[PDB]
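One protein chain omitted, others in place.
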Amino acid sequence: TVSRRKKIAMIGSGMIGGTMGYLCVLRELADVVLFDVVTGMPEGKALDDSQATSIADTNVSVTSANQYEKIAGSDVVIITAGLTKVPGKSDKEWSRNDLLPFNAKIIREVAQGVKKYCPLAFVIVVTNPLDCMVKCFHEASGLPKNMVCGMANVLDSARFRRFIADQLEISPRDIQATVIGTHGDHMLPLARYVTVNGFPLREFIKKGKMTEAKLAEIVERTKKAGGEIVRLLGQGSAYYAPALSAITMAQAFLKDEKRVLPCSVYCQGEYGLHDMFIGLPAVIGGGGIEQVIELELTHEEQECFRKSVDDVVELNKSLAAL
Amino acid sequence: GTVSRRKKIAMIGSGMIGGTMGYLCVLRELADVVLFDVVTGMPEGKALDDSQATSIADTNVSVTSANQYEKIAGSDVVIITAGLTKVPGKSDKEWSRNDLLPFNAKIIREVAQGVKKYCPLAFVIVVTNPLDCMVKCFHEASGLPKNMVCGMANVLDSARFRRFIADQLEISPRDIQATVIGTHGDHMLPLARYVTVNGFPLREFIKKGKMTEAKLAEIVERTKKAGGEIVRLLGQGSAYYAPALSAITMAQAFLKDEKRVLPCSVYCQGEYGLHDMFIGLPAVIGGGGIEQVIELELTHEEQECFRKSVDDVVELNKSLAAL
Amino acid sequence: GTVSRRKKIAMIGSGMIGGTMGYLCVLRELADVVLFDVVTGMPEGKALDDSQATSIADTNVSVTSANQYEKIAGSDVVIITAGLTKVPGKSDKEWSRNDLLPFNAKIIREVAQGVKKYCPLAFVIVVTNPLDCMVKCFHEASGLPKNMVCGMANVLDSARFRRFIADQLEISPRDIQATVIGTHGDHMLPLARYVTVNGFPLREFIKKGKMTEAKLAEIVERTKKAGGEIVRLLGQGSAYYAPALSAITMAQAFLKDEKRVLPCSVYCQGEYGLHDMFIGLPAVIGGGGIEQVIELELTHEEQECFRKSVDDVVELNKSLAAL
Partner (left out) sequence: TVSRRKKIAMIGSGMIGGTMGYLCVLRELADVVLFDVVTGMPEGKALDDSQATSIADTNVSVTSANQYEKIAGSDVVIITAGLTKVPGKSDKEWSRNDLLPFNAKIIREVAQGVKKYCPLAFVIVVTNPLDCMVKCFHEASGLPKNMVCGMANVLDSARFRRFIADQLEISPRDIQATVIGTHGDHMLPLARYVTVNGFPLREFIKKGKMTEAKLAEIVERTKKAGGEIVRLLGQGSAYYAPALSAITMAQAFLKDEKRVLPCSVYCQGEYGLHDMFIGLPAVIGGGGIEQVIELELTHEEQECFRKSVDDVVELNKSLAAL
């Protein structure tokens, strides 16, 4: 075989993992390995997903695995391995930072498998608490700083954009709304940077298409979106938008698209941050994270951003304190 | 003043299959979606998740949730998945679609009343098991036209048959035509004689040694047991990825008048000599709903297998009657 | 008895752009296609070629040719490319869209009569040059509603602006929002101040050294001269690939009620202080046709540039009147 299909390993074959495998089938994006420590269930999803290729009229291979040797040759590795909530806790108290002790362990294990079997892979971490877990995976795997990132802000931005799109009665394709910072309560929906095809939202507000109050409401809703879905589902957390967000990042790498997809990236001076990962605007292409966009934030925005940075810093402290 | 409106599909049942079909509509920008369910909370969670996905897909369709039938008014297509997947108390090895009859008939009759009242002009695709029995139940309780009601099943069974064969021949399943007809259960009939590779009979490939007769038989059996295998492996519920795409593919063939050959459970009026019942047969789906029902020249041997499928349906329909 | 019919688009003019738009409909299974033209023979050749492509695309839409207006009856969208691309006798360097006025006005008035009689409920996208003048001509001669008639141009000009910027920043044009407004000619206005990278002002990238102010100016000029450059390089006719996709993208936004921001030539009723004329402005296209016309807060300097664009349109519309 002269021309081989791309290969994506889903480390974690739960709700997000299986849905990403499904997206690969629909788009014929890559062969899929549904990896998990659980036996049985991953093979069931592999059978279900592989059978979907017939109806999709596409041809990719979808298999399951519980041995890391199986992810060798993966071009991309997407990591969802982990818990979505603290066992026993009420949905009312769902908190992403509370997952630290349960998932750091898992991420370290995955990091060892990737370092050993597919160290040349582009890695997209999804597992919460996102920013802390990306740093945890990067430290343990030893992969290049431009080849490891965390999916979060594309999802946060997708919410921000959908809410704005509904208010303005315009497709979200034409709404550029971005959230940066940590994937949590202190995420920063950049209201000043919201545009309708590059036209500042401020011009729409002055024309009465949206009020300042509605905007503030949308910014708050964007922050609470994940928790609302957790409250409403009553079992697990979001997976359709998360899966598509991660796969869009994976595709940008595989096809060297050079898309602006805000995600948790390694900092070395950007926004004055060092030795850590946090959500920032970035361009993803065949060279992995090709550009980290440094915006001219206002004093007010910097204040908000420093709060987001502090949450990551303290979480990274607790991580180390283990 | 909207002159050109989007198509609208109501997912009656917002569980695994319903939520996944909503996702497909978002990805393909196929139509606005209403995730209907008796359960409140969960469907709104999925509508939020699915609507947020439109931003990443760069598409624009409306995804909302509902627990009131008035909300499905104006639906062009209704896809029904409302129902139980497993019977409480049965082991996974004991899983049998027929046992769902008493639980789901009640549900399907309730849905029929809702569709009859709010969107009687819709094309209806039933998914709820036991499939052939539930499609008939929906049809008589709703009163919709015979060409506007069908059951998704054989497209999924055929997808399995095709994928297994594709794997063995090292050919894309796009180029494998393998069809299963009959009831969606142990007596389904994977038509080995009609399997082709771009119209070339599979038998020529077997004679050339590409694969064996024994492997074909193994695949025929694997196709029948596929659903139960996924139930066993998943440990919870049943298949949903291929089932969702099978139904959405049928919905799209109707919505865009594609005239696709998609085997499904259809109203019989003489075909293969059957009357007043629904059973899986090859059919053409277009803007006219079920536009053609293909009646294959089955051999005596294939007829014997098909007859068992028919007897199974007749038996469930009698059980349905006894309620 | 087809309950769900396919959308229908009539391509009035079956030349380079018309045939390519028909091809796009086949690839996306967007709608049935009628390739209309005064020329007989050629359009049937293209309908044959385009319909045969459905087999390979595995799609199913009808592509036919016509030279009688009765054939466009029932069209949901009409895209008009009927007209000359170059004036016989002019060198390629002398190519100017304004010179096409006398040749094309006659053609557009004939098309207007056909649409008015056979499919007055259609959404109409004019492509024929000189664009802004031809859209106005079509509108008054046809009598269609102001929100149902527009001209494709700025989506193409913007595509050029976006591609040039994308190349310099090494970012997909999906993430470059660059817009051109005004008349589709030398005085078009590429809005340098409104160029963004996913909503982030281009000026921040320039300050960071990603590209220079000088390169931006070069790109602004290149955007204005783009059509003439393709005319010069092709040696025959003019651009058709990007023009076809620009118009089909507008058609799809209408057909599927997407509500996309697609700058195009729209009827002015006060915006930017203009009345009784069509000119390129940012607009939202949905199932209601032109649903919104965006009025940007232009600076005095940008207004001066925009005013020249307006004067050019006013001048052609006067020339049109003098016929």
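Order as written gives the chain letters A, B and C; numbering starts at 1 within each chain.
Just so it is clear, a contact is a pair of C-beta atoms (placed from the backbone, for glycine too) under 8 Å apart; a residue touches a chain by one contact, two chains touch by 3 or more.
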item: Residue of B:62, B:64 or B:172 touching the missing chain in the full complex; value: B:172
item: Options C:54, C:96, C:98 or C:319, residue touching the unrepresented chain; value: C:54
item: Residue of C:230, C:274, C:305 or C:314 in touch with the missing chain, whole complex considered; value: C:230
item: Per the touch definition above, residue among C:104, C:129, C:168 or C:246 touching the missing chain; value: C:246
item: Residue among A:253, A:266, A:277 or A:305 touching the omitted chain; value: A:253
item: For chain B, residues in touch with the removed chain; value: 58, 170-172, 174-175, 177-179, 194-200, 204, 207-208, 253, 258-261, 282, 284, 286, 291-292, 294-297
item: Residues of chain C in contact with the chain not shown; value: 19-20, 23-24, 26-27, 41-42, 44-46, 48-60, 155-156, 158-160, 162-163, 166, 172-174, 176, 226, 229-230, 232-236, 239-242, 245-246, 249
item: Residues in chain A touching the chain absent from view; value: 1-6, 28, 57-59, 75, 120, 122, 147, 173, 253-259, 285-288
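Please note the rule applied: only the chains that are shown with their structure count from here on.
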item: For chain B paired with chain C, centre-to-centre distance based on mean C-alpha positions, whole Å; value: 42
item: Centre-of-Cα separation between chain C and chain A, whole angstrom; value: 37
item: Approximate Å spacing (C-alpha centroids) for the pair chain A, chain B; value: 33
item: Residues of chain B touching at least two other chains; value: 58-60, 174
